[PDB]
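Please model the entire structure based on the sequences and the hints provided.
What follows is each chain in one-letter form.
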Amino acid sequence: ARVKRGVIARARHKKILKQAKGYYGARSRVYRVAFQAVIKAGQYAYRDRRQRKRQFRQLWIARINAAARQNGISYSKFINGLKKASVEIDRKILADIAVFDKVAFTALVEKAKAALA
Amino acid sequence: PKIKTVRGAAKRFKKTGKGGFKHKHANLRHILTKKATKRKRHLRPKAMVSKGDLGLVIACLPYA
Amino acid sequence: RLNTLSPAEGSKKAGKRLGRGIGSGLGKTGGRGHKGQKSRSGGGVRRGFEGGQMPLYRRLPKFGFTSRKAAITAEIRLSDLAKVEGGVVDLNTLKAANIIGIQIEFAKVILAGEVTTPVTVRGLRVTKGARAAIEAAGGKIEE
Amino acid sequence: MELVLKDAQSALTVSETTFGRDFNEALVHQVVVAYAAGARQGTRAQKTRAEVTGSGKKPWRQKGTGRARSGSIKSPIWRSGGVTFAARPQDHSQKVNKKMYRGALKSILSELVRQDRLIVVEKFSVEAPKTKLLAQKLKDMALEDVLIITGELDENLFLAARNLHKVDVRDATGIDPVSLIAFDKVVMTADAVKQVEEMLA
Amino acid sequence: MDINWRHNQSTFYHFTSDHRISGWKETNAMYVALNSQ
RNA sequence: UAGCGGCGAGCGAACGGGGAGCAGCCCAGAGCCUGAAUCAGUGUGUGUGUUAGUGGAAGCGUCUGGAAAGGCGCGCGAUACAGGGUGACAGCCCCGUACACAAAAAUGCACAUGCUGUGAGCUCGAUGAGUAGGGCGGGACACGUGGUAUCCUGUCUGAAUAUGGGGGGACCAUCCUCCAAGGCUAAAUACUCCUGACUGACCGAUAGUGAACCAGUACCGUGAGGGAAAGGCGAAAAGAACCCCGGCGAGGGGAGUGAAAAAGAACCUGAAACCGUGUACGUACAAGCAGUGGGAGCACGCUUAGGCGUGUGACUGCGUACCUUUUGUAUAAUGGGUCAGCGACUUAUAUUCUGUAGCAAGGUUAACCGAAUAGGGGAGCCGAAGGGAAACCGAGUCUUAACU
Numbered sequence: 001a002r003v004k005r006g007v008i009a010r011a012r013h014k015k016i017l018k019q020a021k022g023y024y025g026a027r028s029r030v031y032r033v034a035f036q037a038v039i040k041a042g043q044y045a046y047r048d049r050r051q052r053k054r055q056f057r058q059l060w061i062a063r064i065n066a067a068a069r070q071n072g073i074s075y076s077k078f079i080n081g082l083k084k085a086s087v088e089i090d091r092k093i094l095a096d097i098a099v100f101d102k103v104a105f106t107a108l109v110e111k112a113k114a115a116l117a
Numbered sequence: 001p002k003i004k005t006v007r008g009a010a011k012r013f014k015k016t017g018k019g020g021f022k023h024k025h026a027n028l029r030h031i032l033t034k035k036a037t038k039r040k041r042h043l044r045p046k047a048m049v050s051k052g053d054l055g056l057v058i059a060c061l062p063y064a
Numbered sequence: 001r002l003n004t005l006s007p008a009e010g011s012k013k014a015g016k017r018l019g020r021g022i023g024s025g026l027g028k029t030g031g032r033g034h035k036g037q038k039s040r041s042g043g044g045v046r047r048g049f050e051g052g053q054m055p056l057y058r059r060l061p062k063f064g065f066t067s068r069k070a071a072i073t074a075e076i077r078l079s080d081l082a083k084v085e086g087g088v089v090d091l092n093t094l095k096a097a098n099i100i101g102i103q104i105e106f107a108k109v110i111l112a113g114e115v116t117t118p119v120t121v122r123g124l125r126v127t128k129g130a131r132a133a134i135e136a137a138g139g140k141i142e143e
Numbered sequence: 001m002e003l004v005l006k007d008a009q010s011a012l013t014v015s016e017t018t019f020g021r022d023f024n025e026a027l028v029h030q031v032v033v034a035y036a037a038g039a040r041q042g043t044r045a046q047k048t049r050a051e052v053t054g055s056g057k058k059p060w061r062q063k064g065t066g067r068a069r070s071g072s073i074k075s076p077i078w079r080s081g082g083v084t085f086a087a088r089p090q091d092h093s094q095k096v097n098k099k100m101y102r103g104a105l106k107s108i109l110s111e112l113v114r115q116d117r118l119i120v121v122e123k124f125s126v127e128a129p130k131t132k133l134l135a136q137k138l139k140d141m142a143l144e145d146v147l148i149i150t151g152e153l154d155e156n157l158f159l160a161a162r163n164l165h166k167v168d169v170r171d172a173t174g175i176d177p178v179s180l181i182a183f184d185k186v187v188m189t190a191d192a193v194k195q196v197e198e199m200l201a
Numbered sequence: 001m002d003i004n005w006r007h008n009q010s011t012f013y014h015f016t017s018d019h020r021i022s023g024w025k026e027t028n029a030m031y032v033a034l035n036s037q
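Protein chains in written order, with this note's numbering: chain A, 1 to 117; chain B, 1 to 64; chain C, 1 to 143; chain D, 1 to 201; chain E, 1 to 37.
No lab work stands behind these hints, which were simulated from the structure alone.
In this text, a Cβ means the ideal position worked out from N, Cα and C, and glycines have one as well.
Watch out, some of these pointers could steer you wrong.
[Stated by the list, open to error] Straight-line Cα separation of at most 25 Å, PhoX-like style, residue types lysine-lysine; simulated pairs:
| hint | chain 1 | residue 1 | chain 2 | residue 2 |
| --- | --- | --- | --- | --- |
| 1 | C | 62 | B | 24 |
| 2 | B | 18 | C | 12 |
| 3 | C | 62 | B | 35 |
| 4 | D | 58 | A | 4 |
| 5 | C | 38 | C | 16 |
| 6 | B | 15 | C | 69 |
| 7 | C | 12 | B | 15 |
| 8 | C | 62 | B | 4 |
| 9 | C | 12 | D | 58 |
| 10 | C | 12 | D | 74 |
| 11 | C | 128 | B | 14 |
| 12 | C | 69 | B | 11 |
| 13 | D | 99 | C | 12 |
| 14 | D | 58 | E | 25 |
| 15 | D | 95 | B | 2 |
| 16 | C | 62 | B | 46 |
| 17 | C | 140 | C | 83 |
| 18 | C | 38 | B | 2 |
| 19 | C | 16 | A | 4 |
| 20 | C | 108 | B | 14 |
| 21 | C | 83 | D | 99 |
| 22 | C | 12 | B | 34 |
| 23 | C | 62 | B | 51 |
[Unchecked claim] Computed Cβ-Cβ distance ranges for the label pairs, DEER-style:
| hint | chain 1 | residue 1 | chain 2 | residue 2 | range |
| --- | --- | --- | --- | --- | --- |
| 24 | A | 31 | E | 22 | 30 to 36 Å |
| 25 | A | 7 | B | 7 | 52 to 58 Å |
| 26 | C | 90 | D | 102 | 34 to 40 Å |
Written out as structure tokens, the structure is:
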């Protein structure tokens with residue numbers, strides 16, 4: 001029972017090359033380079049599902065720090081204030097209020113300064 | 001083929017009742033007047049092949 | 001129903017296929033490690049080879065001799081001799097019952113369990129315990 | 001145990017050890033796989049590197065060409081080169097122990113009785129050696145795919161079943177596991193039932 | 001053309017010349033080796 | 001296994017048992033007696049086989065379709081439903097198959113028979129000499145000179161000859177067995193250049209022969225020798241009349257055939273690398289494994305605006321390929337120009353362990369016979385008993401004068 005291996009090899013190669021559309025040059029044409037490109041894209045994608053949590057958090061902290069200094073207190077003192085005021089709003093939402101609702105953020109700063117004093 | 005016995009091992013080990021192998025002790029062929037009689041008396045009975053070496057012996061003696 | 005028969009559970013184990021991929025477990029080196037004499041095709045040392053140290057089967061002395069006569073002695077239990085078809089036991093009458101072998105010249109009637117019928121043993125050596133066991137269950141031993 | 005005859009409406013007394021035991025599916029599977037393996041004429045050979053029609057001249061010098069080193073034009077890596085582990089004609093027979101063969105037949109006969117795939121007739125013979133007569137006879141008995149098994153092999157029945165595809169006539173001596181399992185219904189003559197019990201003890 | 005190309009690839013497969021790399025290519029490898037000693 | 005063995009690596013019997021097959025004879029030598037069985041060579045007759053052959057069952061309607069053997073409906077053959085072809089898949093269209101027959105002639109085999117040659121059978125006698133054996137050297141015996149029997153002989157020698165001689169594993173004696181120094185002999189057995197039939201959990205064009213094709217060719221080499229690549233239009237050539245561009249071209253565009261000519265001979269399918277044309281987006285102040293996480297804008301589709309999907313991707317965080325070998329590689333260490341095809345833990349036989357199945361103090365047969373994967377075949381192997389170097393003893397045994 002000789003098994004020719006054309007049809008299944010074609011299917012594997014094609015699977016990998018479909019996962020590499022949009023890559024520059026051989027990275028999207030040649031199998032032997034698109035295999036490495038697809039794997040290295042896999043490793044980066046893993047690594048960056050962790051980094052997007054780190055990057056979004058540092059973005060939010062920069063926005064709360066900006067808006068809170070606009071209301072006359074730093075980020076450090078603001079988070080200490082709200083923790084002592086026993087407010088448990090996470091900082092995705094504090095960043096989002098700090099962009100969209102300036103008056104609510106002003107009131108949060110008043111709770112923070114009220115408890116912090 | 002059929003497995004050939006390592007033939008000079010069959011002359012030196014002999015199988016026992018629970019699968020172990022007995023052998024004659026070394027050191028009792030010549031130079032003998034220098035040895036104590038306590039050595040020589042303790043080298044006369046036959047002895048079991050130790051745990052380390054049964055692998056080798058079973059490999060050399062596949063029909064015994 | 002030939003497409004519904006199926007083997008037992010545990011009887012057909014897979015079979016190691018070496019050299020196929022990373023997932024399989026045995027790819028690249030097939031389970032034989034890095035370089036050396038053992039990772040080589042045909043590679044391996046012979047039996048009883050300890051590096052060059054004098055091997056165990058060759059640093060120990062040789063003893064004994066082979067008898068020539070122990071190859072024609074036999075050893076009859078008492079579980080048989082109810083199998084002899086006759087109630088009389090000689091070397092033939094045992095050979096005829098496929099119980100000793102044709103080349104056998106000497107035989108012996110070791111106590112190895114449970115004679116029942118009265119048996120007349122002729123021309124065979126009998127051990128002590130089995131003389132008592134043959135004579136206890138009826139029986140007769142002449143020589 | 002009793003087998004109800006189809007036409008005479010009697011009951012044939014059989015052994016419970018032969019026609020009334022359990023189905024050992026593992027045992028039957030071993031005897032079926034072994035029977036089918038015994039049918040393989042294992043005739044084939046590829047050419048190793050030694051048998052390929054070439055020369056043992058080394059195709060280029062060992063060193064200095066920038067080519068990879070090669071030594072024979074019959075290497076298995078080379079096109080036209082000789083199979084690495086080329087096959088030889090081989091025997092595919094398995095040993096089936098006699099008590100495992102008989103055990104397997106006892107299991108399959110017990111399941112042909114238990115699944116109503118076993119028909120016991122008193123006589124089953126055809127008038128003339130015509131396939132038309134056997135076709136009409138099997139049509140009257142509501143049987144299309146059938147293994148007729150008779151204790152005395154009739155000549156006319158054998159010639160009448162030789163063109164019918166689904167129908168096979170055997171003597172009671174030469175039954176095999178794969179046909180008792182293969183055919184939908186097995187029709188045994190009563191004499192064949194007695195001979196089967198003599199075979200299978 | 002294909003036959004002449006297979007034979008004319010087969011030209012320096014069994015060579016001997018040591019000062020020429022691969023039988024034909026001129027070099028200075030005699031002086032390179034000789035100076036390395 | 002016993003043994004042989006720098007007692008290493010390894011080599012490795014016989015006796016005896018089971019089967020296949022079975023067959024015995026002649027000369028060394030005279031008389032009686034003849035053609036007496038015996039084969040060999042030939043003629044003839046019979047039987048059978050080979051080399052050409054002959055007959056050989058049984059179907060139509062309708063739907064899809066280029067075409068029906070396909071679907072649906074209703075029939076018939078079958079000692080014939082092995083197979084191949086026919087415009088798709090046919091038991092009933094064709095060739096065949098089962099079955100039943102056929103040879104003027106030449107032949108193979110087997111009986112019968114004619115002739116020739118050959119010799120039966122009886123009594124008595126003989127019963128293989130430079131030979132057996134020996135010394136020296138070497139070889140074959142499983143046996144390597146060893147305590148080495150036995151066989152063969154290059155060299156030197158050298159008997160007895162049935163009141164005799166050979167062997168029985170140094171050797172002697174006793175006992176048993178056999179008759180060398182002359183020869184013939186079927187079957188079981190081994191093999192396939194070659195022919196026929198059939199079969200394949202063999203290959204299907206980089207495979208299978210090196211060779212599916214005018215292949216041991218082209219080609220290479222002084223020579224011996226080495227040694228390729230290369231299959232497939234269509235059901236049928238109906239293989240493109242004629243017209244136009246063009247050099248009375250090449251190539252093309254129509255026309256026509258065709259079910260289909262991106263089925264047009266550079267011909268089934270028609271992948272990938274590689275090269276183009278067209279459209280959307282980005283890209284000419286921006287540094288690096290070229291992605292990834294975020295992400296504006298733009299273009300197409302939507303969408304009861306639901307704010308989505310696809311393509312692109314400014315800008316921005318992070319980010320030095322894969323393999324291999326290594327203490328450690330982005331490494332400026334190895335390998336790879338890319339694609340496509342092939343390319344590496346197999347097979348056989350023994351032995352051990354695990355799983356599983358059968359039977360169980362028993363399990364199982366091998367060769368072979370074969371109604372032949374059945375059933376016979378228990379020769380044998382393994383186990384139920386060990387100890388001891390061995391005799392021997394035996395649930396004990398060995399050690400030892402004997403064992404707390």
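Verification of the supplied hints:
1. C/62 x B/24: With a Cα-Cα distance of about 7 Å, the restraint between residue 62 of chain C and residue 24 of chain B holds, given a limit of 25 Å.
2. B/18 x C/12: violated (32 Å)
3. C/62 x B/35: Holds - the C-alpha atoms of residue 35 of chain B and residue 62 of chain C are around 21 Å apart, at most 25 Å.
4. D/58 x A/4: violated (30 Å)
5. C/38 x C/16: holds (18 Å)
6. B/15 x C/69: Distance ~19 Å between residue 15 of chain B and residue 69 of chain C Cα, so the pair holds.
7. C/12 x B/15: Cα-Cα ~35 Å, so violated.
8. C/62 x B/4: OK: residue 62 of chain C and residue 4 of chain B at ~19 Å, within 25 Å.
9. C/12 x D/58: violated (46 Å)
10. C/12 x D/74: violated (37 Å)
11. C/128 x B/14: violated (28 Å)
12. C/69 x B/11: Holds, at roughly 18 Å.
13. D/99 x C/12: holds (21 Å)
14. D/58 x E/25: holds (23 Å)
15. D/95 x B/2: holds (20 Å)
16. C/62 x B/46: Satisfied, since the Cα-Cα distance of roughly 11 Å is no more than 25 Å.
17. C/140 x C/83: holds (16 Å)
18. C/38 x B/2: With a Cα-Cα distance of about 24 Å, the restraint between residue 38 of chain C and residue 2 of chain B holds, given a limit of 25 Å.
19. C/16 x A/4: holds (22 Å)
20. C/108 x B/14: At roughly 24 Å apart (the allowed maximum being 25 Å), residue 14 of chain B and residue 108 of chain C satisfy the hint.
21. C/83 x D/99: holds (23 Å)
22. C/12 x B/34: violated (63 Å)
23. C/62 x B/51: holds (20 Å)
24. A/31 x E/22: 30 to 36 Å: holds (32 Å)
25. A/7 x B/7: 52 to 58 Å: Check passed, 56 Å falls within 52 to 58 Å.
26. C/90 x D/102: 34 to 40 Å: holds (37 Å)
Checked against the numbered hints above, the structure breaks hints 2, 4, 7, 9, 10, 11 and 22 and satisfies the rest.
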